[PDB]
Structure formats: structure tokens, C-alpha cells
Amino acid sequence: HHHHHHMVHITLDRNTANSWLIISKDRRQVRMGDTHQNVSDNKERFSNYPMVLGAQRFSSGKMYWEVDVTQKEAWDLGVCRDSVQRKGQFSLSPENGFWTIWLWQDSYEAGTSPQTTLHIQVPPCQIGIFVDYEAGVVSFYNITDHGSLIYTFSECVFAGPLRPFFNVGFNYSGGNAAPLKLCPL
């Protein structure tokens, strides 16, 4: 792809984080802690899952960023509406305001309803995410495999400002402690 010139500097919004997450000083990395991280509750925090939003809001234009997923067993990545549900149980779908892909149990899937199987020959260590607001497109790229396309959501109905979306996943196995990291431009 040739989307690299739309690169944006994303930072994580601490206030939106699940209370078990640990965000680095530079707000560019996040991981699952082994306990509650001693923060007050608020209406923005994702309560049920290890999720956090980017601070940036997008309502126009073309945006691109990259995320490091090295040695993780489970994660979700993409964008979501600013007004997505924070509390309780929900599925990741465009109907609920999410445009995402994930790794789970050794398979990659796009967060459609129902979910779509992805075909990845080279397990990615870094993912590129491209949003074209006006076109209604969210695309995912395999940076480890020379930028090859993973998935495109088209005919997106954003219906609001968009925020970068992250889920570090649970660590029931002891094999998923590694962070998500926003990669430098």
C-alpha cells in the first residue's frame, strides 16, 4: 500500500482504559496488569474487557497508524464510534459502532456480524490501520508481509466521530502478557 504519508501520532486515553490496564508514560504502550491499577471508576472506562481508546477523534480525512502485536495470543484492533457502549457485555460489530479485526485461539477474524475468517499466511508482528472517513473505508495491512492487505470494511456508516480502538486481551493462559505498542512514524 501507499497510505504511509497519512500517518498520525496516536496516544492512549487513560480515562477510557479498563481499570486493570497499565499505560506507559509516553501513552504509546498498554498491557494487562495482574490486578486493579488503583484508579477511580468513571463512565468512560470499559468495564468488562481489557479495552482502551486513542485520545484522537477523527470526523474527516485519511488517517494511518501502526500497532505492534509481537508475541500476543489474543487482541482486538481497529476504530470505533466515540459513543460506543462502555459498560456490560457487547459484541464487536459495525451495528454496535466497531470496525475491528482480532486474533483468538490461533485464528484471525474480522469483526463483522457474524465474524469473517481472515486468510493470513505470515502471522503479523505489526498491523497497519487505514481510515478514509469520506469514502467509508477501514483497511488493515500486514506490515510483517510487505504491507499485504488483511481486510477492508467498505460502505461503513461511521455515524459519528471515530476513535482508535484497542483490546490487549485477557491473560488466563500466562502467554498473553505482552503489550500493544504504537509504532513510530
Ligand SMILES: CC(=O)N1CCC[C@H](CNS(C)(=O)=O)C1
Contents of the next structure:
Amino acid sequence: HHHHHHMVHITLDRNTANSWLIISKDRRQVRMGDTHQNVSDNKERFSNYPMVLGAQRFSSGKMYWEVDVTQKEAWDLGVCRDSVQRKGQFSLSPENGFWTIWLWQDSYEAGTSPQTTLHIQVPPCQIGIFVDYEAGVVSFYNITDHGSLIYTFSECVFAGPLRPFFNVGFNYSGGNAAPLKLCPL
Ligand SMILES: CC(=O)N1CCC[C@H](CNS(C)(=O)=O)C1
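Given the form solved without the ligand above, produce the structure of the same protein in the form solved in complex with the ligand.
Expanding to the full complex; the earlier chain stays at the top.
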């Protein structure tokens, strides 16, 4: 692909983070902590899942960023509406304001309803995410496999400002402690 020129500098918003997450000082990395991270509760925090939003809000234009997923067993990545539900149980779907892909139990899937099987021959260590607000497009690219397309959501109905969306996943296995990292431009 040739979307690299729409690269944007994404930072994580501490105030949206589940209370067990540890966001690095530069706001470019996030990982699961082994306990509550000693923060007060607020209405922005994701309560049920290890999720956090980017600080940036997008309402127009073309945007591109890259995320490092090296050695993780489980994660969700993409964009979501600024107004997504924060508390309680919910599914990742366009109907709920999310445009995401994920890794879970050795399979990759797109967050449609119901979910769609992805066909990845080269397990990605970095994922590229492209958003075209006007076109209603969210695309995912396998940076490890020369930028090969993973999935395109088209005819998206964003219906509001978008924020970068992250889930570091649970670490019940002891094999999913590694961080999500926003890769340099
Ligand atoms: C992320 C979160 O809200 N919580 C609360 C309940 C217990 C969970 C245990 N953490 S785990 C999967 O072992 O890494 C962590």
C-alpha cells in the first residue's frame, strides 16, 4: 500500500484506560499490570476489559498508524466512536461503534457481527491501520508481510468522531504480558 504519507502521531489517553493498565511516560506503550494501578475510577474507564483509547479524535481526512504486537497471544486493534459504551459487557461490532480485528486462540478475526475469519499466512509483528473518514473505510495491513492487506471495512457508518482503539488482552496464560507499542513514523 501507499498510505504511509497519512501517518499520524498517536498517544494513549490514561483517563480512558482500564485501571490495571500501565501506560508508558511517553504515552506510546501500554501493558497489563499484575494488579490495580492505584488510579481513581471515572466514567471514561473501560471496566470489564483491558482497553484504552488514543487521545486523538478524527472527524475528517485520511489517517495511518502502526502498532507492534510482538509475542502477544491476544489483542484487539482498530478505531471506535468517541461515544462507545465503557461499562459492562459488550461485543466489538460496527453496530456498537467499533471497527476492529483481533487475535484470539491462534486465529485472527475481523470484528463484524458475526465475526469474520482472516487468512494470514505470516503472523504479524506490526499492524498498519488506515482510516478514510469521508470514504467510510477502515483497512488493516500486515507490516511483517510487506504491507499485505488483512481486512477492509467499507460502507462504514462512523456516526461521530473516531478514536484509536486498543485492547492488550487478558494474561491468564502467563504468555500475554507483552505490551502494545505505537511504532515510530
Ligand atoms: C483487566 C481487569 O479489569 N481485571 C479485573 C479482574 C481480574 C483480571 C485479572 N488479570 S489477568 C487476566 O490475569 O491478567 C484483571
